[PDB]
Amino acid sequence: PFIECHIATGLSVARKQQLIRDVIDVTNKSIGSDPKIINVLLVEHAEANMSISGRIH
Amino acid sequence: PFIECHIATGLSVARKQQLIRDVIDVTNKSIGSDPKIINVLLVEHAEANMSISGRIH
Amino acid sequence: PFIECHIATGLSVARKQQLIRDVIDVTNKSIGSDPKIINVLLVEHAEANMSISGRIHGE
Amino acid sequence: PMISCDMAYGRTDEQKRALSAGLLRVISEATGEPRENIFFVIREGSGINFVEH
Amino acid sequence: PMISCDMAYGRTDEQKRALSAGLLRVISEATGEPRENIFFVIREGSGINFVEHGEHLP
Amino acid sequence: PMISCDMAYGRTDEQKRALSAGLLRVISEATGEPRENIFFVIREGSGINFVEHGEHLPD
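Protein chains in written order, with the entry's author numbering: chain B, 1 to 57; chain D, 1 to 57; chain F, 1 to 59; chain A, 1 to 53; chain E, 1 to 58; chain C, 1 to 59.
So that you can see chain B by itself, here it is in the shape it has in the complex:
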């Protein structure tokens, strides 16, 4: 499977690598996919480029 995650800029590189690791872990544990077949893409954006729930930053 392919998980694509869009977050705000601001996390450290360490934190982001831990995030990816943990995405892989939780995907494996709930839908049962082998880590070998799990693909993750983390994309960071400026807050101004995102609207959560109709809100303007």
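These are computed hints drawn from the structure, not numbers from a lab.
For each residue, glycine too, the CB sits at the ideal point set by N, CA and C.
One should not assume that every hint holds.
As the list claims (entries may be wrong) - The calculated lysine-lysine pairs, modelled on DSSO-like cross-linking and capped at a C-alpha distance of 30 Å, are: (1) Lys-29/D x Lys-16/D; (2) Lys-16/B x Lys-36/F; (3) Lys-29/B x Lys-16/E; (4) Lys-16/E x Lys-36/D; (5) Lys-36/F x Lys-16/D; (6) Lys-16/E x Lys-16/B; (7) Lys-16/B x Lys-29/B; (8) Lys-16/D x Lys-36/D; (9) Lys-29/F x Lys-16/F; (10) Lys-16/F x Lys-36/B; (11) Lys-16/F x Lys-16/D; (12) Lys-16/F x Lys-36/F; (13) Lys-16/B x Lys-36/B; (14) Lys-16/D x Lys-16/B; (15) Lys-36/D x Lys-16/B; (16) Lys-36/B x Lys-16/E.
What the hints assert, rightly or not - Residues on chain F that point at chain D, a partial pick, calculated with CB under 8 Å: (17) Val-13; (18) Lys-16; (19) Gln-17; (20) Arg-21; (21) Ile-24; (22) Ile-38; (23) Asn-39; (24) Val-40.
Mind docking chains D, F, A, E and C on chain B? Use the hints.
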């Protein structure tokens, strides 16, 4: 809903903010979604990274 | 159709432009689409932000 | 431009046409690109496939 | 934040609930953002529509 | 790398195989990544779900 818009870089912050406001309004008017469930992601790209109508920038 | 390609940063602009040409051609030849309606987006990422096959950049 | 909308299944073809007419207009007016230059795809799914708040 | 997962048909409602809950939890903890600030969509397809390790899926 | 193709329903499995082989070859060659490292998903929809050159597609 989640509306993801890929546009060329070049707009002002003010123009992009209005664009996100306009996307939310349109979505709410046309399909009836509460702005509270409307999520918008605006992604800007270099013209070289995009082709529209098969055109190479 | 719309083809979105996520690759590592590192390609020259010339190389990226030909890649886009090549995707358009492959798509036209396989699927029949008029090149004028084949839309391609190339997105470049830091290696650290991609995991293929459960792998973490470095390790 | 390329635009996508992921949303719950259930909207009518008429509602989808309204959605696209609005989004095409607003993206076209903001970017200055002609409507013919803006690709749009709707992806639908059942409720179990969405978590919205 | 926004999260999507493209995967094959066949996961149970129970599995999709576990997935969304697990994903929202880790993204919320990483970003400091509440769960309600995190959109999630699962997009399903049949085997021919996925190529993994260079082979179409059954 | 990760590649997606959003296109109208109706393509045969043979066409989808041609499309994937072509994309994986061009991306692999441009990118220097092995074919096994290139994940590809095809997403299909009905005509009303696509707007190309200003118009919703027929089926």
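Could you work out which of the previously given hints the structure breaks and list their numbers from low to high? 2
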